[PDB]
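Model the full structure from these sequences, guided by the hints.
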Amino acid sequence: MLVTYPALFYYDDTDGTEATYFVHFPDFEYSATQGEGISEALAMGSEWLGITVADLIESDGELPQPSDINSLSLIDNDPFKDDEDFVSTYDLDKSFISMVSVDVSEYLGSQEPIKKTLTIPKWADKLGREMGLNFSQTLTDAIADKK
Amino acid sequence: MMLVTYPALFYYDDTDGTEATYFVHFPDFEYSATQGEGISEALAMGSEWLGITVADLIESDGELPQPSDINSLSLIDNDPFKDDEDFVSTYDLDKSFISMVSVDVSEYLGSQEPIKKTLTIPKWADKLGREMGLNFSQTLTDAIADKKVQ
Amino acid sequence: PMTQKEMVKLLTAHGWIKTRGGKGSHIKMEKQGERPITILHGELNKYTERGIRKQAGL
Amino acid sequence: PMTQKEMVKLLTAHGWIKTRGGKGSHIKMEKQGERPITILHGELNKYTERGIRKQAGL
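Chains as they are written, first to last, in PDB author numbering: chain C, 1 to 147; chain A, 0 to 149; chain D, 11 to 68; chain B, 11 to 68.
Calculated directly from the structure, the hints in this document are not laboratory data.
By construction, the Cβ of each residue, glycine as well, lies at the ideal position given by its N, Cα and C atoms.
Be a bit skeptical, because a hint or two may be false.
To be verified - Partial list, derived from the structure: chain B residues whose beta carbon lies under 7 angstroms from chain A:
1) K28
2) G31
3) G34
4) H36
5) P46
6) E53
7) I62
Stated by the list, open to error - Here are the simulated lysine-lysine pairs, BS3-like style, with alpha carbons at most 25 angstroms apart:
8) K94(A) with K33(B)
9) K146(C) with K56(D)
10) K33(B) with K147(A)
11) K146(C) with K126(A)
12) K146(C) with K64(D)
13) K126(C) with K115(C)
14) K28(D) with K147(C)
15) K147(C) with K15(D)
16) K126(A) with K147(C)
17) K56(D) with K94(C)
18) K64(D) with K81(C)
Structure (structure tokens):
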């Protein structure tokens, strides 16, 4: 399931710096991610896109129609251009516009229920129930806790 | 991963076989050509072409060209056929665009001509590598390619 | 919120709940009636931070 | 060479060999002393055919 959206890659050196490319998709309002170099910025843009679009699909929201890349400007499509409280410092020449693709198949189905057959001692069974635990949730939390 | 990115030209001509819409060319690789029906497929085929091409450069110990500055590229001036007189291009330039194409070269590295190699690594590296469920052979191969790239 | 952790903290204090379903290098914040917010790990540049704030109305 | 198969036949006549080095929807032609040529599956339009021909010095 491939989708492609144009993105703006803003070079900023002044951050001191680490990640020099701010990545924004005009079709997703205030969409923001970043990368250190060109390749990383694209890869992060793709990952952000996968997660965002997968969420829209699994929540059955509508996917925005992709903008025509030739109608985009680093100036006019600046997400912060109308924001009175923010100051952009872009180096325009080090900034570029490019397509970003992602296969959304990799981001789909992460919340899918997976049946597990477990064996626990009776003392744990009795204890968990005495505490009114949710065994499914308790195991999930425990796994997320191990990292 | 080993990620390489090169700018590509995407030329829209849907005459002569829609499904051949979007001819794809990398200016850093002379007369490079592939194609895809829509935008997504074009980028995907561009990436695939790039992966195979750069991987061969790794394996043959050739030179990897430096990626062109995407802002100095022009659909007009970098047209690969602009000069040769035989050819009549019909480009729709309003639908043509320039874009970055990324590929993980790791996926395209050849396994041909397998060589058997016995060596030693310290126990911590062995246990660490196995805990991550690594393929030790492929880890070495990838690392060698990566050294070549950098 | 110069870092992911500080940013998560900030949104959490404003009613967002960290979630699973962000993958790879990103995490996902969720709140009722809102489009979720996807946050990159590590130090964030002033633009990324600002975009994330704007998404959350902060 | 309206198609990959026709391109491959053409290049084979001119001394190129199809290897197993191909991946996905592209095949790989190799010839000693030349950089390999990578050919898309299916039908190739005037640009792609021309590009591959120019790569092969014809």
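Measure nothing beyond the straight line between the CA atoms of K146(C) and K56(D); if it is 25 angstroms or shorter, mark the hint as holding. Not satisfied, since the Cα-Cα distance of roughly 32 angstroms exceeds 25 angstroms.
Measure nothing beyond the straight line between the CA atoms of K126(A) and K147(C); if it is 25 angstroms or shorter, mark the hint as holding. Holds, at roughly 19 angstroms.
Proposed interface contact between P46(B) and chain A, which counts if any beta carbon pair is under 7 angstroms: Holds. Min distance 5 angstroms.
Tell me if the interface restraint on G34(B) is satisfied: Cβ within less than 7 angstroms of some Cβ in chain A. holds, 5 angstroms
Double-check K28(B) for me: the hint is only fine if its C-beta lies closer than 7 angstroms to a C-beta in chain A. Result: violated, 13 angstroms to nearest chain A Cβ.
Proposed proximity, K64(D) with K146(C) (alpha carbon, max 25 angstroms): Violated. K146(C) to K64(D) sits at ~33 angstroms, over the 25 angstroms cutoff.
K126(C) and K115(C) were given as a pair; does the straight-line alpha-carbon distance stay at or below 25 angstroms? holds, 22 angstroms
Under 7 angstroms, Cβ to Cβ, is where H36(B) needs to be relative to chain A, so tell me if that hint holds or is violated. Holds, about 6 angstroms.
Satisfaction of the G31(B) interface hint, Cβ to chain A closer than 7 angstroms: Hint on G31(B): holds, closest Cβ of chain A at ~6 angstroms, below 7 angstroms.
Holds or violated: are the alpha carbons of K64(D) and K81(C) at most 25 angstroms from each other? Measuring from Cα to Cα gives roughly 13 angstroms; hence the hint holds.
Chain A contact restraint for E53(B) - C-beta distance below 7 angstroms: Because about 6 angstroms separates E53(B) from the closest Cβ in chain A, which is inside the 7 angstroms limit, the hint holds.
Checking one constraint from the list: CA of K28(D) to CA of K147(C), max 25 angstroms. Satisfied? Roughly 15 angstroms separates the two Cα atoms, so the pair holds.
The structure is inconsistent with the numbered hints 1, 8, 9 and 12, although it conforms to all the rest.
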